[PDB]
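The residues making up each chain are set out below.
Number of protein chains: 4
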Amino acid sequence: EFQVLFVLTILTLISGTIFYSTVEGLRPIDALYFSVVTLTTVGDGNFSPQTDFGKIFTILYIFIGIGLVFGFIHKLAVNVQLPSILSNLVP
Amino acid sequence: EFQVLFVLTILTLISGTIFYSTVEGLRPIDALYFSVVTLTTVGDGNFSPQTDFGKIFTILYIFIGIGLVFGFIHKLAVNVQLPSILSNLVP
Amino acid sequence: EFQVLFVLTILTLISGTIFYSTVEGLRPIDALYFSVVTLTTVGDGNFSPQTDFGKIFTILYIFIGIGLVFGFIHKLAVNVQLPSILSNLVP
Amino acid sequence: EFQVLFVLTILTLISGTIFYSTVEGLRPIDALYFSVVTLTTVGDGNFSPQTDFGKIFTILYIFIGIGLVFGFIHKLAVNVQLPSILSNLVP
Ligand SMILES: [K+]
Ligand SMILES: [K+]
Ligand SMILES: [K+]
Ligand SMILES: [K+]
Ligand SMILES: [K+]
Ligand SMILES: [K+]
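Chains as they are written, first to last, in the deposited numbering: chain A, 23 to 113; chain B, 23 to 113; chain C, 23 to 113; chain D, 23 to 113.
Any given hint might turn out to be false.
[As the list claims (entries may be wrong)] Capping the alpha-carbon separation at 35 Å, the derived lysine-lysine pairs in DSBU-like fashion look like this:
(1) A:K77 to C:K77
(2) A:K97 to A:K77
(3) C:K77 to A:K97
(4) D:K77 to B:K97
(5) B:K77 to D:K77
(6) C:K77 to C:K97
(7) D:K77 to C:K77
(8) B:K77 to A:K77
(9) D:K97 to D:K77
(10) C:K77 to B:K77
(11) B:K77 to B:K97
(12) B:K97 to A:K77
(13) A:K97 to B:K97
(14) D:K77 to A:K77
(15) A:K97 to D:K77
(16) D:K97 to C:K97
[As the list claims (entries may be wrong)] Cβ-Cβ distance ranges computed for the label pairs, FRET-style:
(17) C:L82 to B:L82: 21 to 29 Å
(18) B:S106 to D:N68: 35 to 43 Å
(19) A:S106 to B:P105: 42 to 50 Å
Simulated from the structure, these hints should not be mistaken for lab results.
From the three backbone atoms N, C-alpha and C, an ideal C-beta is built for every residue, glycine too.
Bound conformation, chain A alone:
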């Protein structure tokens, strides 16, 4: 479950990285950063897509990627972080 969500999240982020570096001309690390803050809904305070293609893609990317990204975060904290802490709270 966690493994599949991990892989799915990775593939989604790879797609955004390729898209923004190609269409919006961002350096790969910047494209990845933008993809991450966008899908986690944090948002970037400096960059907004400048092309209409980038704006349309971002709209679709958000609706399709948000659910998955948060599902991964949800399990990452409940089935991976909680135990390491919950069991670690046992005297």
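Use these hints to put chains B, C and D with the ligands onto chain A, whose structure you have.
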């Protein structure tokens, strides 16, 4: 259920598109982009409504649209994306 | 329930409006806008508190106000918007 | 439960404060502010990490810290704010 949430989300986004292009003078695609990043809570790092009418509308728009948009995303991932993946995980 | 959450949300937003217009010098409508986009986690793409007092207050404001604001939005969509739609879907 | 989430949230915020003030050169209060708005997903409208180290760290920080921060907010409102209000609604 998903169909109704889809239509409801579309109508809400259309309202924002019309509002921002008219009152804030944004190009339709920019008004739509702003409506989407606002209701999904991602936020836009460059534009903020400049008119008091735009600020008041955005406040109301956020409170009324956020629940619906996320309800749609919630079902889009649970009743449309999960299956295509869950069933696809069957050897 | 909805009435109490409504009043509680109003009081919280009033506090932010007074704080930002006084300490950060924002026009009341701008202070209210900033309080709303901050507590709904949308964020503002132009303004960030400039004083240390404003930064500390915003940090505390976020942790204390986010839960309430979303609890209100949660009920506003489930116990006020859903019915008007759910019952409206009855032929 | 609430105490542990409180401590865990504090430690996470301390880590971000140290990281951003050291690598991104922010004043401690600004590093803390950025860490808070980033993990609560509000986002900052002015600052984005400028170094590649800062961008990579922020990406990892977001995925690891978001779940915890919201778990704390979740309990802070349900097991600390609700009662003080729920019991306060008793004539
Ligand atoms: K900005
Ligand atoms: K700017
Ligand atoms: K957000
Ligand atoms: K933002
Ligand atoms: K945001
Ligand atoms: K922003």
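- Against the structure shown, which of the earlier numbered hints fail to hold, in ascending order? 19
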